[PDB]
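Just one chain is shown here, as structure tokens, and it is the form solved without the ligand.
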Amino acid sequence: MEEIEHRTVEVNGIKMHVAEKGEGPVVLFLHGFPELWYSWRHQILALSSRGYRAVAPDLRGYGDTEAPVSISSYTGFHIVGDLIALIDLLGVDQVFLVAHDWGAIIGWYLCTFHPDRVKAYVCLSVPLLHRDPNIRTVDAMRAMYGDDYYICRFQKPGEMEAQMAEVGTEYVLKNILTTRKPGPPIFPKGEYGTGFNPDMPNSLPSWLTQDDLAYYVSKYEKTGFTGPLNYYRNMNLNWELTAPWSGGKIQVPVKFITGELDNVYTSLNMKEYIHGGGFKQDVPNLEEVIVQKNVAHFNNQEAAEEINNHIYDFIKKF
């Protein structure tokens, strides 16, 4: 970790923190919510040691990267704009892409707008989110799960931030990271409360050290949750703006990997989309989907070595 290089670069008008290690084909890692570049620590070390150039930024709004004040500065187009600028700075025509959670949503947008810049994509947790022309993204979630569904509760500016403040940053991060409950996360009414996990363990699970959690806390306690939350606040706007790509397929080779207990997999009719034929129809060069038994949402950390090996085996093919 000591030999991971950290720098700040100017991309698309913002200052972005980039963590990098190794030489070789670029493997660009995109973290999720509420994470950081650091979520890829094990993959950065493994892929760099195995002859690749591992690159893992803090995305716009996160960690040591600039957080614009306007909520509207966090559409998928803004984030992809940052990443295209980053790839140009890296000096390469194409990358191998690896992404998780919100990072995976952004990765799907990258593959939609610029498939030629992506040789192959290892996608964790969140598959392609089919644009339903009949109903907006968050409107559909609201109809399915109601107003206490977490994504709905994340919409109103400032509200979730205050609820998180009441219980504290360390509690929020431990609450989220340790969750193993399947199904749609429904919050208690009017407060954070038990949030994502009504059965928090006393000890951190063995994949997350006290120092790991402390590092996440050290960033979030200062810069807060607003930047990361703002991605969710643009889901309906993203839906509007992506009308030009309605009914579109992605031809980038994809390997999709999820923990079996991930709340994403176990909600939103995702399991049916993933295995039922819809995912493959939209993504014709999708390879065998991997479901990791007894693994939760944070599969790049909880099953880090398996993820290292799946990434390595897949990108070698190309």
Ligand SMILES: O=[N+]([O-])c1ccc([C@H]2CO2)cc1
Contents of the next structure:
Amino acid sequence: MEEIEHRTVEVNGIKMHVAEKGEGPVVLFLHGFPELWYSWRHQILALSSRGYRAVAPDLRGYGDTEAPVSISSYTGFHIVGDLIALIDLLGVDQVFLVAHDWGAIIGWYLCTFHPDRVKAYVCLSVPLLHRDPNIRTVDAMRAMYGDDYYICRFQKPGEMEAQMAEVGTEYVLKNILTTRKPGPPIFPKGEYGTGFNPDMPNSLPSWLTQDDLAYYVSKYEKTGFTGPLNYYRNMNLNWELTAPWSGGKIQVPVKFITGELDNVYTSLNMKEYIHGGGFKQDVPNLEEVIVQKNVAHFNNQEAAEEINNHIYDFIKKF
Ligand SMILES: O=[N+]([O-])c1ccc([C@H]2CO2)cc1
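Switch over from the form solved without the ligand to the form deposited with the ligand bound, please.
Now the full complex is given, and it begins with the chain already shown.
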């Protein structure tokens, strides 16, 4: 951990916290919601140890990275803009890419816009968001699960923030991190309530120490949730702006990995997309699909060594 270097860089008009360790080919790690660079701590240690330059930023709006006030400053294009400037600062032609959750959606955009900068992509949890020309991303979600589905509830400015404020930052973070209930997260009406997890454990699961949860809390206490939530608030706008890529394919070699109990895997007809041919058709060089039994959404933390191995083995192929 100590050997993990922390710096602040100027990228795409913002100041970004980058955590770094190691030397060798760059592995760029993109975290998700509601996480931080810390989410990758085990992978940063492992990959650095194994002869790679591990790079894990706090994305725009998270942690120690600048958080622009405008909701519209949170399109996929803004975030990829940040990452392309970062990659230039690293002074390399290509990176290996590893991404989870919202970080993975941004990863898909990076691969869409600049496949030639990504040598291989280890994608966790969220597979490519297929652009259906007939229905916007969040509309499809609302049709399927109605208004209290979490993404839907995330859309209105300031609301989810106040609800989360009411139950407390630590409650929210524990509530989400500990969830193992499959299926669509549907909230109780008008409040956070049990949120993503109606069955919170008394003690943290063995992959998450009190110091880990405390780190997350210490940053979210400071930044709040606005920036991270803003990502979801641009999903329809992202659907509009990505029209030029409608019907396109991703050429970057991909290894997809998900926990079997991931709410993502277990909803939105994801299984059908992932396994039924659609994912492979959008992404012709999808080489492997790994489902981790008895592993929840946060698979890079819950199954850290296993993911470390899957990443190492995959990138060393090249
Ligand atoms: O609660 N989670 O485990 C969780 C966290 C983050 C996301 C991103 C896709 O919206 C979904 C679910």
